[PDB]
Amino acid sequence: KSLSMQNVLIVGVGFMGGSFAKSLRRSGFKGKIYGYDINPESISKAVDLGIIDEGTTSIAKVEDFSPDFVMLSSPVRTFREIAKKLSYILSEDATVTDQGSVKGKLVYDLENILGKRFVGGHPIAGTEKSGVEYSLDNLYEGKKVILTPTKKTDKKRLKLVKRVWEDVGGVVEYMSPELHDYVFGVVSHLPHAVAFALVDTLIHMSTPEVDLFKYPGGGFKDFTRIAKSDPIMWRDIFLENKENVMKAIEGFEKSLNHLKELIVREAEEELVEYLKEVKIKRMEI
């Protein structure tokens, strides 16, 4: 068939950018796969592992790569400024998309920056990890990938990006940018927030003689986990999606306060009921 893609640019050649790179080449993409990063060593590791053909830490060099498909894979807050530079560098017919964990306002701003080139996406792909050395060539298989079109998005580009994620094995679905940021503020951002705060709880509730981290086997262990998420990624998510993050935190307090009220009142059947309902809902997934 056809060559709807010649040179792709990976912006942010880390764990997620590298896995997209890897997955792409392994789906049969024959074109040039390029890297842009602020960290030269990110570029260096990537080249040495085969993950990219050539890169640079100068944004302007990127023009010599003539890229027609850009995957933004650096922390979300770097996107606007990178986009502003790319809007002069990139052809009118290049396609730009992303893997950032928040959409919402950012998608509208990137459309305004890159015009019709932009399509928002977010793969709901787990395994935590950081850095290109960990990137995987089968990361997106089976996972949902959310694209956030608006009435402004170019349908043919939306079609391209959707298909690219199918080639790497993602199962694609559409959501408004605003719905995305409510949903994931609740189902993703909130659990990380409370995990972070739990770990903080054991810090300040320890005494000098009694380290509480010595006893993880009673429920704490699982929280130990994506509490080891990247602080930069999470600071970035928490602020960029601040309003939904806050509303999600408010609802959790509502549930936590209900459970508290029951324990205080020393209820019992009510308490048992409440716990059976959440067990049931949690089991259904």
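Residue numbers count along the first chain shown, from 1. In this text, the rigid core denotes the largest set of C-alpha atoms whose superposition between the two forms falls within 1.5 Å. First, how it differs from the form deposited in another entry.
If you fit the rigid core between the two forms, you'll see the Cα of residue 209 move by 2 angstroms or more.
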Second form
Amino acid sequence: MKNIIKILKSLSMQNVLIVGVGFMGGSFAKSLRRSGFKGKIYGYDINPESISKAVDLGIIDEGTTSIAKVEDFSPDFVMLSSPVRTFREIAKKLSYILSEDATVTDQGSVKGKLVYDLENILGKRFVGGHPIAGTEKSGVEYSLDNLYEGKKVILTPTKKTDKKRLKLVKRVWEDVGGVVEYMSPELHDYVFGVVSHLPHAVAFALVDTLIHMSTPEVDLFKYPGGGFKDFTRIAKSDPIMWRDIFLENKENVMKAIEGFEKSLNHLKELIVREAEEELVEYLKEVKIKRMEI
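Could you drop in the structure for the form deposited in another entry? We only have the form deposited in one PDB entry so far.
Partners and other molecules have been left off, which leaves just the chain.
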């Protein structure tokens, strides 16, 4: 009698649309299936090969490249997984196709104003999210059915978020193994501006530095074993994605670089003043914090 928590659960989400059928879109589709989801998974992509590869791999049941065909799929759950620069335009087009009862959510690596813009486009259907997962992979062929297990997923509810959709999006992420927490859109963009965007910005600029400080007689790239090695991981990054993340989170990325410049300026001062003991303590305190994890 009371056990019918089960039926509500099955009826809460029946036709799922993956927008952007790439690595993240496909890892989500796969992880969703692996958690025992029995409904339909549909794909929408501008690249018909993304759809082609995902269907034959069994990752979606069917898909399309015409936005207007999406309507035939009557999705009630949408996971935005294209580049974040596409989200506004696509959400414009979903806003008419989707029933008032649909839920839209996303995996976008930036939140901030984008969440407010998406909720204004989509009314009440929208819940912002960011799974702190990722690797340096692209394309559905690389999608993993456990990408999210044991990782943080940040949802960014507002005063406008629908509590039952927030709660569903939370539960769907936990079914795939994620650990959910909440941050405002603005706090999210500050936090990840600092812990994620800044570190990439600074790896980018390091590479640029070794290029202009090399001379015709000296290729500095020949000497990676002195500390530069870990920074060369930046070679695996996608320049277009970073370009878009930098632009979209510009105000937080600039604040983060600013606080970085303050830290580096402090280190220069200790160096030039030969502050022997201060310099040790500066390095010791960063040592301890970095070791905690």
